[PDB]
Structure formats: structure tokens, C-alpha cells
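> The lines below spell out each chain.
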Amino acid sequence: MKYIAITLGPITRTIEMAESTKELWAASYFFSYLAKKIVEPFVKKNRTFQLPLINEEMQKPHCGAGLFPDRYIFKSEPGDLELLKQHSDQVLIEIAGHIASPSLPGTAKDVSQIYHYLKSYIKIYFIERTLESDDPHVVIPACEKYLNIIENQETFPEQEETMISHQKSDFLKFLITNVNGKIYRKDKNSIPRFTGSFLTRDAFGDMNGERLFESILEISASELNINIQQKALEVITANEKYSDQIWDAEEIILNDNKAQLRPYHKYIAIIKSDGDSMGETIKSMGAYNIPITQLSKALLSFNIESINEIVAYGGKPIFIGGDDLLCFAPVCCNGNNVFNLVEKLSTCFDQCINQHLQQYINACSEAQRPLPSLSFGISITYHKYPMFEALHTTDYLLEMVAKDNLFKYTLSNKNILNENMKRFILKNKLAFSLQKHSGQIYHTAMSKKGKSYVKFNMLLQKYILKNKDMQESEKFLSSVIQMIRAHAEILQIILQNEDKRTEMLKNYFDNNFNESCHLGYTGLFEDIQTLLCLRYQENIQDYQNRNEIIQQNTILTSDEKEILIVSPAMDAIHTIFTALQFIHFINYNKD
Amino acid sequence: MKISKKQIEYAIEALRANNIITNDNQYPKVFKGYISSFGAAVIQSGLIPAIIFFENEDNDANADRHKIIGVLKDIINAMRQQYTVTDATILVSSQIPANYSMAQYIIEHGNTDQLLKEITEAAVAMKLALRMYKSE
Amino acid sequence: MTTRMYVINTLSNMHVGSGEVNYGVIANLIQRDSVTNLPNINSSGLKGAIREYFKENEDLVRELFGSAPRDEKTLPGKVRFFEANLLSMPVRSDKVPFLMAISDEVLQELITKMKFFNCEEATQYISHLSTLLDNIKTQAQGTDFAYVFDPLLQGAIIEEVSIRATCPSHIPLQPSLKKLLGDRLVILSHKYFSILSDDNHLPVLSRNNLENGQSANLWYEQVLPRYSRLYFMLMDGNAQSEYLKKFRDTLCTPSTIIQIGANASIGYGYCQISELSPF
Amino acid sequence: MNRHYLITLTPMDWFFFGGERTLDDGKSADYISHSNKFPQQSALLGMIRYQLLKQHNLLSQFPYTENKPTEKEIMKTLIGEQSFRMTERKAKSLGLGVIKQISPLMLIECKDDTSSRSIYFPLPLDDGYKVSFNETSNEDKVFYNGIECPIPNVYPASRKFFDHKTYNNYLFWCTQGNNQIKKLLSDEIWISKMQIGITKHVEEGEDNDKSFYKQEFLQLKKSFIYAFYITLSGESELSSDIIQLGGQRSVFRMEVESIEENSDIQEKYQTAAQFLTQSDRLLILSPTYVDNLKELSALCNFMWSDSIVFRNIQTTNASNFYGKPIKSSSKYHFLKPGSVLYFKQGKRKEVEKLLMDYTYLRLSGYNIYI
Ligand SMILES: Nc1ncnc2c1ncn2[C@@H]1O[C@H](COP(=O)(O)OP(=O)(O)OP(=O)(O)O)[C@@H](O)[C@H]1O
Ligand SMILES: C[S@@+](CC[C@H](N)C(=O)[O-])C[C@H]1O[C@@H](n2cnc3c(N)ncnc32)[C@H](O)[C@@H]1O
Ligand SMILES: [Mn+2]
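Chains as they are written, first to last, in the authors' numbering: chain B, 1 to 240, 246 to 475, 479 to 599; chain G, 1 to 136; chain D, 1 to 279; chain C, 45 to 202, 212 to 423.
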């Protein structure tokens, strides 16, 4: 029977048009809101939905984040194609009217050119297919493969009428750059409040704690418990456009709290996540008779709890829906670091998969099958850093490294991707990078399918100073960081030794740190040794065969082979080194 | 300077071969002082007297101090192996015979600081490699 | 009135900044060519240093280099500065304090660039450099080499690479070639030169900031050894002849010292610019 | 009569073809500027005009100046009264001086041989796959923003279906082999470096506007050059010289070669591109500017197309040549090279008519297809 599938619009271009996090969140919520408005008439008509599970929970504003994906598959009864057609421009007139409103800054408007620009730019495609199946399990891949090729049709505005004072045509830029409103003095004596727009009104309302969003430093420092936003808004409102001054005021007020300021309060973490190989999870939920609606339920529950947990840590969700996640979090917040948030989100994923997909795990993964997984990409940068390049770094970490799409892409560009080489693709990874104010990068990749991730989290939690308390934490030796870097070759020799590496590592650390001052750091040395051994074992088990097949694959040149060949022991040393540097960076203040 | 991994590997092999490290990865605890003192003595008194002192077998020493000279010899032989052979190379690459003692070898072939440099690097490699084992 | 080749003799250490995201122990790293990975000076740095030296000559600056930033009327510059490429480098020896190291690949690249740019006084230099390179390859026979051109310098040891230098008695170095390349010259294989010019063999200096006896900061800095020679190309867009003559006369006078680098107050990067002399 | 030249450009240094959100644009001036791989054809026109005035010693020097009538008329007869303008997109004449037509800029590889030069083109988006377009009554159908079109069944011509993860045709450029299309990765043609630049003096300034700018400079691999064909009115002459094409004073070398007369350069370019022809699609070899994309999508069903931004510097013979140039008030979106227009049965003629109705853009090597 009839099925209708919809792809939403040019999300990547609109995201690239943004410049800061407000514009990014506005751009993401624009597409979330567009999908919401498009699908609401069909949801209220109670159509049979296949790709998402649009229950009552998604429609409720959940901390101002976009849960509605860009793909939907209908079960069509004759008479909905044309009403979808009419609603497609009904939404366009509605958005044109919403933008053409004095609630937003600017100087007059015109709905007609806004509508024409939106229709030229926003690409609403819907496919109609009459296939013989009442089973969603073959329905969704069949519609998805056609949607993927349908996506590659370019509709754009030909003339873009710019400058000339105001004959604006870059209306999406207009919306995203002015999405919070105006300061709106309210009287002679007020606390300033932003006006708001359709996006931030469809988002969080007026139930307290709704002081919208502005700049980045209140995200990066949402623990100091003194009011960044109002303390900086008074400064700008005490004088005579939107973000740069209040951002400028915000760094001034934060700098004025020098007594408790810690270096990480100026560093911001961008967290991107994606579901690890959910198409093959669908296929395996295939051959084994299990409905896909369970996967939809699990992803829904994970999305809701992910928004809750991110806002609990002190982070601002940008888009959590389907299998995809993007968030803006502080480096530290109330004794929890970013890696604690990553671990909590991972555990939320496993918990939801357990709760809803219990049949699949109980029937398949025990025999032999990889469970569904989540890959994480984290980037920590100064607040005065290009947002576009930070998001590029996060995308690189997530795709090229965390998903090992560098391996796949280098192999496929030269057409080497045999099935045996596809067996060596790796998932379930944490890609983490940190750029200082200088340019020194600390980057590392770890596998979350093992005890190395657990021990890494425990080491971080153990040796990070907790200022919120003031009883004590196990002390840290900063000379171990330089020892790991300088003695890396000897450590590699120890790691490559078989069935004596544990005793050798213990002996090396004892014999290098042989002074009376090192009697207090035996716990740290032991934890480092355990983590290093675990990471070396994981790395050999993940990479030895992959490297020995890459080495004698006489289709790749030496440069790409070297960029593809990973040394297990050296990677373990680098991971431990980067973790120790992160601990030191969080701990060290410059009083 | 950095730590040469290959020289550390030669040190491991030579320490095992010359019977300083036992089968349960242990040494008699006087040898670390032996190596450190060898480096200091080479700096302070000269190569030949230090080699003669540590190579002497009629000593009232706690353990077999002359084994460190055997380890030195093995490391130097190993590094002289895999020396590149180009007509612009200052290195000899000739292997020290097992018949020869180190002191006579430096006496009859000792006109260049190549032996001094190699001995300094070998002593450093011994010092850093011995830290991977335990002292009885 | 055309393309000209200029030579930079460095009188102290040079640190021309990279700003690149360092991964290792050295915080400030010097500029290297993106392809050859040999040390280089950017066109922007050369232009800035030469403009700073000539800052008091307003008319010359306006005519030759252009308008100032933040200025109005924004006139363009007539002269175009090119990348400064490392020609010769000082390496340590035992008979002499240092030898000045030139590679065969850097020599061939110089010949190729002089052909491509068509330097004014280049036809003679190309012929003699090509003959020297061909003689060197005939004597080398494909083996790694280190050739001195002073009979007193035979038997010299390049300590970092541990290489003995030989004197080919039938490979003549002409006096202008010495005046260009350097005084105590070794022509060696580019592998040896790249080893001698990499990050592990460049002079690294430790620095710190002290507050009443307690050190506040610490970092490591990479520099380029003094007496190193760098060559760059200059094209004048048919500029005013008198201003150009003043420029050439000032640059080619012995008493002119130019500052290119990232530490002016501690003497980093004071250079002397030489123009290609007739052969 | 008319005189036809082939003009080869060789990069002397790292070049910068930039523009869109470039530096000094204001509104978060975005110090980080990335270089476009090719210059706009307007840059080619302007370079030709600048060199034409250089040969005849008719340039503007010194602060704001004047012009006597007779040199004004000779500039009229040599270059024209007005630069390449988008408003004259449907003018049947180029509106310039001796310049009549230029081919789109072409990437040329120069092997160390008397052997001819290999012409490299962007890889067609449909290369490697077949689009079947099964249309016999309603069996499947898609609406592109409210227009009826057939369904694009795409299979790898090697069944399976189009996996967008495998899709990497946008990273490749192609040239002619014996009977195999030679695929070259874009990185193997253009190498990029990021430059950090500052102003040393330090005065009162604000971010994106005081110092600390980053620019992407492109270098073209060893044996590759840029080229195009030009037709001149025959009363002028073009001489080999050293040129400035692009931003930050990117310097090139002109080699001007005279090709044999009575040679339509459009036919030459299309002969070069002949090896990429497919009977069921129109291959866009250079940016196109259909005035209604909905109109084009009416007659084309699957437009495997991309978009590039075009913005032009607008000057006349009497303009402040030392000052912020007047930019085109409108941003014009153009069809990327390598784009594929899949037409209905027949109907190729009037879509071709729509494409060729911009004769001014056709003459400035823009709406070229095969
Ligand atoms: N709500 C949902 N319910 C069921 N399946 C979903 C849902 N959202 C997304 N999916 C599935 O996730 C996939 C979306 O594409 P995506 O690139 O994220 O897949 P993937 O296999 O996880 O990718 P990767 O190769 O990066 O691991 C599709 O296979 C789609 O069926
Ligand atoms: C990975 S790229 C490829 C998809 C393609 N560009 C598109 O949008 O159809 C875009 C991805 O961004 C994610 N995304 C979807 N809707 C989003 C939104 N409203 N805001 C942010 N990201 C979104 C989805 O995972 C989608 O696949
Ligand atoms: Mn995804």
C-alpha cells in the first residue's frame, strides 16, 4: 500500500551560515520546528508512523531542544498527498509572517519575498511509493535508499539582494542572528529580558528558569553561582549590537571574579554523538523477528533522558533526535567533568537499549552480535575561538577518528574496500581533543567497549581536585607527565614484552620514582600501570591484524599506510599522557 | 639527548646474556651502583683506568663487577653491527673479539674518541635498562 | 628593472614564528616550507621587516611597499616579495668551528627557480651551478657524499650525522660561487641536510619567566643558527627608478642590518641582505 | 578579422582566489579566509583589460585623476566603458572592447614532452552510476518543493542502490585515457597552506579588524597550469607578461600562443569535453545562471547539481581605482561544474534554449555544457 517519505532541508548549509552557538541552536531548532509544523497535521490525523515514534512526549518542549528528525515515513490513505502539498506552503506563509514581525529587530519586512526565498532555499521533498508489504522492516530501508538519492537535487535562490542598506534577502541569517529578541528596557527600573521569537517560544516558555540564552561564558561557567547574564546585561543597558558587547561584558564580569576563577571556566566542550551502525542493527533485528518500533522507543527514551542529563550537568542541547546528538557543555560543573557527562550519556544509551530491546539482546547478542553502540567526539576550546572550526574539529573527531571513517574513506577513495578489510572497521570510540590558548593540542581516542574506559573515568574522578567541597583527594605528581613523554620508548619496550609486562612496569615505576616523596603517589602509579596495560591489550586486540593486512596491501602508498598504521603501545602511551595532561589542566590554577 | 630505543634493547639482551639478570628478572642490587659509578669514573678519571678498575677480577667486591664490562662489550658489538657502511662514515664497525679483553682492545685500538662515545652511550643504556628489573 | 635574487646572511639566531598548533615539547617553532620542510621565511615577514627598516622614508614606503593598514586611499604596492628559502646552513665540525652546509637538492631547486624566475644576472650562475652539480654527481656515483672545496678542510667531521668530508681535487668552486654559498662549504646529500635541519637537530632554547625567584612560566623555543643564508626573489613592477635605486643602495650597503624574527630586543634575527653579484 | 589566442597561466607562487565571506567584509569579518580553486571569469576579463591597457600605456596612476577625451575613446575601443556586469546577462554583445569571447578557465597538465596537454575536467556527478528513470504511469513519484517529477533509480554501474556514504564523485577530476577515464583526487592537484598574519605596531583595534588574520593560499601541483581561449577584434595585440590574478597579489605568467585562424574556440572547448558526453544528460562544464530554477526543474526531473556563489567587482573607466571597489549589489548563485541535468523524453532543445539565452554569459565562458 501507499507510503510517503519526507526529507526536510539543507541542514548543513544553514548550520555553516551560523557564527556562534545561539545561531547554531537557532538553525537547528528552525529545522526541528519546520518538521514539527509539517508533521503536526498528519499526527493529529492519526496516521501510521514508521520512521519516528511521534508520541505525546516529543511535542512537549523538553528544555528547548530539537527532537524531531529530518526523515518521516507515512502510511498513506488516498487524499493526503495534496493536503501535504498545501500544508507545505501553508508552513511557508506561516514562517514568512513570523519573521515579518516587529518582535524581532530590523526595519520593516515583506512577506512575499520571504516566502519566495524560503521556497527557493528550504527543500521540502516527499516521495510517494506504492509497495507490496505491510511490514515496516522492509518498508523503512526501501524508502530510505530512495530518499538518500532524492536528497541530491539543488534548489537555491538565484538572486540574493544584499547590502543596499535594507533590502534583506538572507532571511535565515536574519532569523538566526536575531533569534532572542531585544533587551526591552521595560521601564526606568528593570531587570532586562529578551523579547523572544517563534523558535524560543515553541521552546522553553515562562515557567521560571527561562532567561533564554546569550553568549558562551555562562555555559562554560555555570557553577560560580553568580549571575553572569544579568550582571553583564546591566553593564550594556547602562549605556546606549546584540551579542558582542554582552559577550564583551561577560568576560569582564567573569574576570572580575578572579578569586574563585579557574582556567577551565573559559574553555567550552562541544560534544557530538552518533549511533554506531544502526542500519546493520536494523538488519539483525530483521533476520531475527523483532519489530523496529522497539528501536524507535529506545531512541526516544534515550533522547529524553539525554536532554535531562545534559541540562543537569549544565550543558545546552542543540539537537538530540534519531541517533544523533550535539551539545554544548562546560569543562567542569559541580564536581563533574565532561567525561563524567559522556559516561552518563553512554550509560543512558545502554539502559534504554536494555529496557526496550530486551528481546533483541536476550536472543541475538549473546550468541554472537555487537550490541548497539554510541560514539562520542569532544572538543575543548577557548571561548574566543571560531565556532565553525570548532564544529569542524568535532565532526572530524566523530567521523574520521571515532567512527574510523578515515580508514574507510582512504580505502574507498582508492577502491580497496574488500569484505575482509570491512571486517576490521572499528566503532565504540571516544575521540577527545583540547586546544589551549597557544595552540597546544591534546588529542586521544579510546574504546568504550572495555575496562580501559572505566579505569580512565575512575582515574579522572580520583585525581581531579573538587573545589566545591573546599575533605581531600589523592594527590597528584606532575613529574609523571614528563616521565611518560620522555620514557615513551622504554615504556613501549615494556608493553611489547609478553607475560612479564605487569611486573616490568611496576619495577620501572618504582625504580624511576625511588625517593621518599614518592611514597605518597603509589596509588597514582598503580592506576597508571593498570590503565596502560589495559589500553595496550585493547589496542593489540583491535589493531594487530588490521595493521598486518594494511602493511602488505600493495595498492596504498607509504604515506597513507603510515597515516593508517596505528602502533598499539604508542597509542596507549599517548592516551595515558593525554589523560594525565587533562587532569593537570583541570587541577592547575595560577594564583 | 633522547633515549635510544635500540641501545636499550641491546642493553636488555646483554644484561640477560652476561648473567646479571636472573631468570626471575632480578639482579644482586650492587650492579646499579656499579653502572652509575662506571659513568662517573669514566668522566672523572679517564676511559682506560675506569675500564681496568671495573674489569679487574681479583677484587674484594660484593659481586662479579667485571660482568658490566661484558655487558658494555656486547652493547658495543651490537651497535657496531647495523652501522651503515658508506665511504663517508667515521665509524670502524669492526667487531671486538670475545678473546680480547676491553682494556687491551682500547690500548691497541684507541686513537679515536669513537670508543669513548660508544662507551658513554652504552653505560647510559645500561643505567636506563636496569631500572626495568628488581634488586634482590 | 626586473626580477632580482637577494641573499640573507643572518648575523644572529633567527626565530620567524609559525603560530602552528604544536604537538611536541617545543612551544614556538620556526617556519618551514610546506613541501620541502626546510626552514623558510614568508613573503609577509620579509615585506614587514623591510618596510619597518624603511619606515622613516615615507615616500619610498608608499611607492614601493604600498599604503599602511587602517589608512585610506589604500594604494597598492609595486614591489612583490617572494618566499625566502634556506640556502646554506652552519653545521658543527672538529677541524673548524663550523662548516656551511649546502645540499644538492637545494642547489637544484635554486637552479630551477633561477630559470623559472629568470633572475637578471642568472645566466652565468645557472651554467656554473649546473656544471658544479654535474661534476658532483659524476664524482659521487650515486653514493652519499660530503665534499669540501678547501684542501685544509679535508677530513672534517660533521658531528650530528657522523660524516667525513672529502676533497675532490678536480671539482672547482669559483670565487663568486663561494661568495654566494658560503666560506667553509660542504656539499652533502639532501638526506644529511634534512637530518641536520630537522626539529631534533635545530637549536632548542629553554626560557622561563621569574616572579621574585619563583618561576611563573616555562617554554622551549626553536631558532635557526646564525650565519645561515637564505635567498628570496624580488620583482619590481616598473617602479619609480629613483626610489628603487635608493632601496637597492640602502639594502646592499654593508652597514645595513635588518631585523626579521620574533625577538627583536634580545637580538634574534638581525640580517644582512646581499644582491646577486655579477659572475 | 578576429584573432584567436590560447593563454596559459603558470603560478609563480602561492595564489589566492578568494571571495564570499572574505576578510574586511564586516559583520564578523571572519579573519579566516579560504581560497576558491578557480577565479571568476570576471577576473579573467579584468586581467585581459588591465594588460591591454598596460601594453598601450593607458593606466591610471597617482591619486584621483582625470581623463582627456581621446584617451577615453581609445579606452572605449580597446576595453569598453564598463566592467563585466550581471545586469547585462541577456545582451547579445559582450559590451567590451577587442575582447569577444573567452572559454571557461581550463585545468591543463603539461608533461615533460612535446606531447600535447591533457585537459582535466571536474568529474560528472553521475559518473559510475546509471539513472534509469522508469516512467510508465504512476509507479513512484517525488515532489521537489511542489513539482511533479519521475523517480530516480540510481544503481552503481558495476543490484544494490545508491549509498551516499560511498559517494565520492565530488572529490575527483577527470581526463581522457585510452578508453578509461582517468580519475585524479582534488588534493593531488591543489595543496593548501594556512598563513597567520598580523600588524606589528598594535593600535586601537577590534577583533576581525585589528590583526590576526588567517588566509588559505593554494599551490597548483608541478605540471598543472590554468588556460583559456580568447578572441580579439584583430586591431589589438596581447603580449606575454607577468600578471596579477586573484587576491593578495597572486602573480602568474602569461604565455600567449596564437592558434590557427578560423577556429571557433567554443568548438575547441567542446571537443576537449567530448569524452564525457552522455545522451541522457547535459553536463555543466562551467557555472550556469538560469533565471528560474523552478522553470528549469519543470523540464528536468533529477538535477544532480550543486551551487557556487558569484559576486563581481563593478568598475568603469572613471572610478576610484585606489579604494573599496563597488561590489555587485546582488549575490548570484551558479550551477557547479560537473552538475547533471536529466531531462524528460525529448525536451532537450528548449532546456538548451534556456541555457543559451544568456548569450553574454555564454561569451564569457559561463553557460558551457556538452
Ligand atoms: N527513530 C529511529 N528509529 C529507527 N531507526 C532510526 C531512527 N532514527 C534513525 N534511524 C536509523 O538510523 C540510520 C540513520 O543514518 P546514519 O548515518 O545515522 O546510520 P548509521 O548506520 O548509524 O551510521 P554510521 O555509519 O555513521 O554508523 C538509518 O539506518 C535509520 O534507519
Ligand atoms: C550528517 S549530515 C547528512 C544529512 C543531510 N545533510 C540532510 O540534512 O538531509 C546532516 C545530519 O544532521 C542531523 N540533523 C538532522 N536534523 C538536524 C537539526 N534540525 N539540527 C541539527 N542537526 C540535525 C542528522 O543526523 C542528519 O543526518
Ligand atoms: Mn546519524
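One or more of the hints may lead you astray.
As the list claims (entries may be wrong) - Residues on chain C that point at chain B, a partial pick, calculated with CB under 7 Å:
(1) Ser181
(2) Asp184
(3) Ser360
(4) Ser381
(5) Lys384
As the list claims (entries may be wrong) - Heads up, simulated EDC-like pairs for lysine to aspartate or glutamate below, C-alpha to C-alpha not over 16 Å straight-line:
(6) C:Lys144 to C:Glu314
(7) B:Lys389 to C:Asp262
(8) C:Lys377 to D:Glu72
(9) B:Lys2 to C:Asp184
(10) C:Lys218 to B:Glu158
(11) G:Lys2 to D:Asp150
(12) C:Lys347 to B:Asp135
(13) G:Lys6 to G:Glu118
(14) B:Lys413 to C:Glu314
(15) B:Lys427 to B:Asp261
(16) B:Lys145 to C:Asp216
(17) D:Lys179 to D:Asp150
(18) C:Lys246 to D:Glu72
(19) B:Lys75 to B:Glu158
(20) B:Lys413 to B:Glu568
To be verified - Just the calculated beta-carbon pair ranges, DEER-fashion:
(21) G:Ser135 to C:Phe265: 25 to 31 Å
(22) C:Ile251 to B:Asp261: 39 to 45 Å
(23) B:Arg211 to D:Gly213: 46 to 52 Å
(24) C:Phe265 to D:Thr256: 41 to 47 Å
(25) D:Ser34 to B:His592: 29 to 35 Å
(26) D:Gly24 to B:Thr162: 25 to 31 Å
(27) B:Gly528 to C:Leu224: 38 to 44 Å
(28) C:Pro378 to B:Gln445: 39 to 45 Å
(29) C:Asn101 to D:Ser34: 36 to 42 Å
(30) C:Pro378 to B:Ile571: 41 to 47 Å
(31) B:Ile191 to C:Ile251: 38 to 44 Å
It should be emphasised that the hints constitute simulated quantities derived from the structure, not laboratory data. The beta carbon of each residue, even a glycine, is placed where N, CA and C say it ideally should be.
> All hints, please: hold or fail.
Status of the hints after comparison with the structure:
For the restraint placing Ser181 of chain C at the interface with chain B, the shortest Cβ-Cβ distance is roughly 11 Å, beyond the 7 Å limit, so the hint is violated. The closest approach between the C-beta of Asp184 of chain C and any C-beta of chain B is roughly 5 Å, which is under the 7 Å cut-off, so the hint is satisfied. With 7 Å as the threshold, the beta carbon of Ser360 of chain C comes within range of chain B, its nearest partner Cβ sitting at about 5 Å, so the hint holds. At a threshold of 7 Å, the smallest CB-CB gap from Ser381 of chain C to chain B is about 9 Å, leaving the interface hint violated.
For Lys384 of chain C, the suggested interface contact is upheld, since its CB lies about 4 Å from the closest CB of chain B, less than 7 Å. Between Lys144 of chain C and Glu314 of chain C the CA atoms are separated by roughly 15 Å; this keeps the pair inside 16 Å, and the hint holds. Taken as a hint, the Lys389 of chain B and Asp262 of chain C pair is honoured in the structure, with Cα atoms around 15 Å apart against an allowance of 16 Å. Among the hinted pairs, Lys377 of chain C with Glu72 of chain D is consistent with the structure: their alpha-carbon atoms are about 9 Å apart, no more than 16 Å.
Between the alpha carbons of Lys2 of chain B and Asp184 of chain C the distance comes to roughly 10 Å, so the proposed pair stays at or under 16 Å and holds. The suggested pairing of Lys218 of chain C with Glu158 of chain B is violated, with an alpha-carbon distance near 29 Å, which exceeds 16 Å. Restraint check for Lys2 of chain G and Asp150 of chain D: not satisfied, since their Cα atoms lie roughly 35 Å apart, outside the 16 Å limit. At roughly 36 Å between alpha-carbon atoms, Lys347 of chain C and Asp135 of chain B are farther apart than 16 Å, so this suggested pair is violated.
For the suggested pair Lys6 of chain G and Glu118 of chain G, the alpha carbons sit about 13 Å apart, so the restraint of at most 16 Å is met. About 51 Å separates the Cα atoms of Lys413 of chain B and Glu314 of chain C, which puts this hinted pair outside 16 Å; it is violated. The straight-line distance between the Cα atoms of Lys427 of chain B and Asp261 of chain B is roughly 55 Å, outside the 16 Å bound, and the hint therefore fails. This hinted pair checks out: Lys145 of chain B and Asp216 of chain C have alpha carbons roughly 7 Å apart, not beyond 16 Å.
Distance restraint check for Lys179 of chain D and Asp150 of chain D: the Cα-Cα separation of roughly 14 Å lies within the 16 Å cut-off, and the hinted pair is therefore satisfied. Simply put, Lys246 of chain C and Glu72 of chain D have alpha-carbon atoms about 30 Å apart, too far for the 16 Å limit, and the pair is violated. Our distance criterion of 16 Å between C-alpha atoms is broken by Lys75 of chain B and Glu158 of chain B, whose separation comes to about 36 Å. With a C-alpha separation of about 12 Å, the suggested pair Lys413 of chain B and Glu568 of chain B falls inside the 16 Å cut-off, and the hint holds.
Separated by about 56 Å at the C-beta atoms, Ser135 of chain G and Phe265 of chain C break the suggested range of 25 to 31 Å. A hinted range of 39 to 45 Å is violated for the C-beta pair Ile251 of chain C and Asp261 of chain B, which are about 29 Å apart. Range check, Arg211 of chain B to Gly213 of chain D: about 47 Å between beta-carbon atoms, so the 46 to 52 Å window is met. In this structure, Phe265 of chain C and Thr256 of chain D break the distance hint of 41 to 47 Å, their C-beta atoms being roughly 30 Å apart.
Between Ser34 of chain D and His592 of chain B the beta carbons are some 33 Å apart, a value that agrees with the proposed interval 29 to 35 Å. Restraint check, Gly24 of chain D to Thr162 of chain B: a C-beta distance of roughly 45 Å breaks the suggested window 25 to 31 Å. With their beta carbons about 55 Å apart, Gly528 of chain B and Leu224 of chain C fall outside the hinted range of 38 to 44 Å. Here the CB-CB span from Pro378 of chain C to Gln445 of chain B is close to 40 Å, well matched to the stated 39 to 45 Å.
At about 39 Å, the beta-carbon gap between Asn101 of chain C and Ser34 of chain D stays in the expected band of 36 to 42 Å. As the Cβ distance of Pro378 of chain C to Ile571 of chain B is approximately 43 Å, the hint placing it in 41 to 47 Å holds. Between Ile191 of chain B and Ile251 of chain C the beta carbon distance is about 41 Å. The supplied range of 38 to 44 Å therefore holds.
Of the numbered hints stated above, those contradicted by the structure are hints 1, 4, 10, 11, 12, 14, 15, 18, 19, 21, 22, 24, 26 and 27, listed in ascending order.
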